[PDB]
Amino acid sequence: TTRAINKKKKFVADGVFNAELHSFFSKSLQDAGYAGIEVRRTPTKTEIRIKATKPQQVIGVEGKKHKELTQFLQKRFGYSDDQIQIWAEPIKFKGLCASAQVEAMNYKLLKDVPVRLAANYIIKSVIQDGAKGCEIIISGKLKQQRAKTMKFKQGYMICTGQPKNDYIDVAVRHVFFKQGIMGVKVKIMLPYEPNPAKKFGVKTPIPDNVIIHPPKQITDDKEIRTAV
Amino acid sequence: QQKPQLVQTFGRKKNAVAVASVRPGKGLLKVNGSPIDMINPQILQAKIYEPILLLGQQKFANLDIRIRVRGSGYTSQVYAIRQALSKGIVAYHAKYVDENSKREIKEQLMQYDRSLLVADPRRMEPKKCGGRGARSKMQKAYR
Amino acid sequence: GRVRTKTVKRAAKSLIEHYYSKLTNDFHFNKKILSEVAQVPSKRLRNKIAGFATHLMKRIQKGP
Amino acid sequence: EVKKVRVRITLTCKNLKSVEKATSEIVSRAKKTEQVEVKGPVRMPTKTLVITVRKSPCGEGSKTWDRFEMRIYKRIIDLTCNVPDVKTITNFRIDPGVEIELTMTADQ
RNA sequence: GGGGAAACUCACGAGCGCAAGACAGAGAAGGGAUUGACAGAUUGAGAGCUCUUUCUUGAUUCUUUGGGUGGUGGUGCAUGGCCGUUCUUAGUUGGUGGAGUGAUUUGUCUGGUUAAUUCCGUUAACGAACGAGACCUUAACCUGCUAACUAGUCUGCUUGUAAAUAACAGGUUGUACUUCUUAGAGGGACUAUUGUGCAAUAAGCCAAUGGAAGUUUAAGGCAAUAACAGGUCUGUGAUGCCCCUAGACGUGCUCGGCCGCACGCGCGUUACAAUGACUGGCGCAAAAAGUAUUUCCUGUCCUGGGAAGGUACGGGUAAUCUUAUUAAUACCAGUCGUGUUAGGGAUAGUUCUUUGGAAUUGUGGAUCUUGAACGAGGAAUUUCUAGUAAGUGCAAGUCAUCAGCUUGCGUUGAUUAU
Ligand SMILES: [Mg+2]
Ligand SMILES: [Mg+2]
Ligand SMILES: [Mg+2]
Ligand SMILES: [Mg+2]
Ligand SMILES: [Mg+2]
Ligand SMILES: [Mg+2]
Ligand SMILES: [Mg+2]
Ligand SMILES: [Mg+2]
Ligand SMILES: [Mg+2]
Ligand SMILES: [Mg+2]
Ligand SMILES: [Mg+2]
Ligand SMILES: [Mg+2]
Ligand SMILES: [Mg+2]
Ligand SMILES: [Mg+2]
Ligand SMILES: [Mg+2]
Ligand SMILES: [Mg+2]
Ligand SMILES: [Mg+2]
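Chains as they are written, first to last, in UniProt numbering: chain A, 4 to 231; chain B, 3 to 145; chain C, 2 to 65; chain D, 13 to 120.
Watch out, some of these pointers could steer you wrong.
[To be verified] Straight-line C-alpha distance at most 25 Å; calculated BS3-like pairs for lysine-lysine:
id, chain 1, residue 1, chain 2, residue 2
1, D, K67, A, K48
2, D, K99, A, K12
3, A, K13, D, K16
4, D, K86, A, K12
5, D, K67, A, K202
6, D, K99, A, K11
7, A, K219, C, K33
8, C, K7, A, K167
9, D, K26, A, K206
10, A, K11, D, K67
11, C, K59, C, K10
12, D, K26, A, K10
13, B, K16, B, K129
It is worth saying that the hints were derived from the structure and are not from the lab.
Hey, can you work out the whole structure from these sequences and the hints?
Spelled out as structure tokens, the structure:
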């Protein structure tokens, strides 16, 4: 053992570790769509899976960003080279990831592409990938020196209830302009996926859906005493 | 292991719990290892004597009953003892006597009071922020 | 406050609609029937639906 | 060379589902092997860390509070075994948030 | 504004120190850029701050000319993010049909019904989306299930006091057990049953009975459309623009200040006593916390009249130890006897202790004194329907020390309306 630590104080410390990682990766990884991080912890090792849209930029040109990252975690915490492992995992459906899509419109808005068009492009993408519904909020100066707030909805959307925390995926970004910070939220309501067979949506249905299942007519042979 | 002639019932009010154990013999009531006589607020000792007087001593002279009580405060404790004792006799008459007697003592008791065989569902209410209590709130200035 | 909602009444209508021959004046039967017959995400929900559907079985026994 | 060793497995997790997965496949796996005797899942009391935080970053006049919970579930499983059997029963995938601690008391 | 500020915090004030003035161009520097510092003055200060005094040091760069860091400096009417509020009220949309040249309208309603634009029904509307509901967390039911030496019970041994197969207590024990205790699975409630009860017999309401539970079981979490130039540049290495840039609005150090008092206005603690105060006695909680090893909870033990000190023996990163206790109302005795009385204790003066370099402008605590207002409160006005109000203590946040605050936890338990 290393040190005997408070199960409470340890666990909080583990969560704080996780959060520091998430801030670190969202901050230093900003170009390739970065979604999530999953941390397994072995007496031997610490395994970090970076779930991302463009794994290719996580690795870089033959581990330029990979080696950079790995060494960053090394100098930061102190770690043996066998003690740290970084994997990058692809998110198979980019349209179901918010942080990704908000990065997309971050990008498109930097290139001066107009609001409504961009918003539409992403929304159409998101629903093209099978998401039931999506919404985008852009706030701040758009038109003029006086702040505006513009919402774009299409499809199906829930806000309130525990289902919110399940089906709805949200991300925000701060976007920088000569004029100041403008900001952008993306809410993608995910679809309902009944089978563990795929990484998709939500495994548990909206508590509202009630379905009656009408009866069937099938093959019936009886067993009867013969008459001679 | 020789399974004893034991019966064990529990009883409850607020945070208080009473476990009464019933075995046959010359009747004792000892609560926490002491006669009812010494239960702290004197007034409500009659509360414990209630189901005893209701059933008559004749049922109780046949049985030694020992009730250990740990719980919240004096009164709830008294009610827990009450409860455990009451449904304790009932459980005895269930295992070792005919069912009929269990039934008629059940009815006998509950016609007098239902708090004997049924527990008070009430517990404390947690406190809502912005108040000195679980409803009442910080004073407000309108004008 | 015991007024029953859209989801529940649509549900009950459907459950009787397809299943009337299977259904009983007993709540406890009809709730199991429902459970087999349908996807209901909540215990509470299923029970509300079953109760209303039972209620409607009784109302059907009386007439239109 | 017979080894009778009592094995103490303590599982701690912030997620319940994960820990019951772990628990129940340890119990399943241990029972599946003949050298093994299982003192079953022991469920410790559930630890709830609460942090009550004021919502508004300002004094903006209404006081609202956030009840922030973290639950820690702690399980214990006991085994009567030898080393290799232990390493057999620990051989399966586990969800990330799980802490697994092993202790060995020799027994004669 | 976690806004309980002794330093710090900290922005305010008085007096002093550093550069953490990068980077580029020019000149200067190795035959010297610059750093440091005894000692005497000096200073609040062993600040080499300054001055005299030289010895070190060896490009870490100095002078200008540009310019960046940095800024708890301005601007929430430049902004993000978050958060209050309308409001937890029940609201808000669109498609296809109907009506208007049109803005617009129907949908989205006379009427019942619901906590609810909840439903029923009416129906030029038909179907839908958001919000409500659904959901989720906690609390309440299981003598049935799955198990437990980090829970308890019993069984058999023993021990003590006793005439003891009495009683009450310990210590042990087991292919033992689940009532109590954890807490996983699954049950359970659906307003169930009944009702020549009210409902145009429809939604629903009502009552009685059963029930652990029938106020949407209880208490909460979440919170549509739209706003309100609400609050926040002082939470943020989120920022636009503006400002300060070397005796700086940068980063430190020392002492004050935010607690300064004729007064005005808010939260609140404590009281005006007999349903009381005081002196004894009394095996009644819950929920929280807790050591990067002596530092965190702390149990014994010892010293002191006391707050508190030892360090003598120890446990616990905790269902194992502090502890399953140590709370206070309450109860039982006894004093006191309706009077500014022991009610009530503000304010004061000595002593003692503890946290801290630092307690003076009393950090807290202890002992003697000292004992004020207050004899139930003008016009006004707040919150509140059941384990609820109210009283009563306990923890957690803050935190070295400091709760009259907050956030929670139980105990004792109502009057009056559904
Ligand atoms: Mg109080
Ligand atoms: Mg102040
Ligand atoms: Mg700047
Ligand atoms: Mg400053
Ligand atoms: Mg229209
Ligand atoms: Mg039209
Ligand atoms: Mg027309
Ligand atoms: Mg209208
Ligand atoms: Mg409609
Ligand atoms: Mg509710
Ligand atoms: Mg203003
Ligand atoms: Mg001590
Ligand atoms: Mg304590
Ligand atoms: Mg003094
Ligand atoms: Mg004082
Ligand atoms: Mg403390
Ligand atoms: Mg405060």
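To see whether the hints hold, each was checked on the structure:
This hinted pair does not check out: D/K67 and A/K48 have alpha carbons roughly 38 Å apart, beyond 25 Å. With a CA separation close to 29 Å, the supplied pair D/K99 and A/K12 exceeds the 25 Å bound. The hinted pair formed by A/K13 and D/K16 fails the criterion: a straight-line CA distance of about 33 Å is larger than 25 Å. For the given pair, D/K86 sits about 15 Å from A/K12 by alpha-carbon distance, which is consistent with the 25 Å threshold.
As the CA atoms of D/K67 and A/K202 are separated by approximately 34 Å, the hinted pair breaks the 25 Å bound. Of the pairs offered as hints, the one joining D/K99 and A/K11 is violated, with about 28 Å between alpha carbons and a cut-off of 25 Å exceeded. Of the pairs offered as hints, the one joining A/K219 and C/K33 holds, with about 19 Å between alpha carbons and a cut-off of 25 Å not exceeded. This hinted pair checks out: C/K7 and A/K167 have alpha carbons roughly 21 Å apart, not beyond 25 Å.
Restraint check: the Cα-Cα separation between D/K26 and A/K206 comes to about 20 Å, which is no more than 25 Å; the hinted pair holds. For the given pair, A/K11 sits about 24 Å from D/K67 by alpha-carbon distance, which is consistent with the 25 Å threshold. With a CA separation close to 15 Å, the supplied pair C/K59 and C/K10 stays within the 25 Å bound. A distance of roughly 10 Å separates the Cα atoms of D/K26 and A/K10; the hinted pair therefore holds under the 25 Å criterion.
Of the supplied pair hints, the one linking B/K16 and B/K129 holds, its CA atoms being roughly 17 Å apart against a limit of 25 Å.
Consistency note: the structure conflicts with the earlier hints numbered 1, 2, 3, 5, 6.
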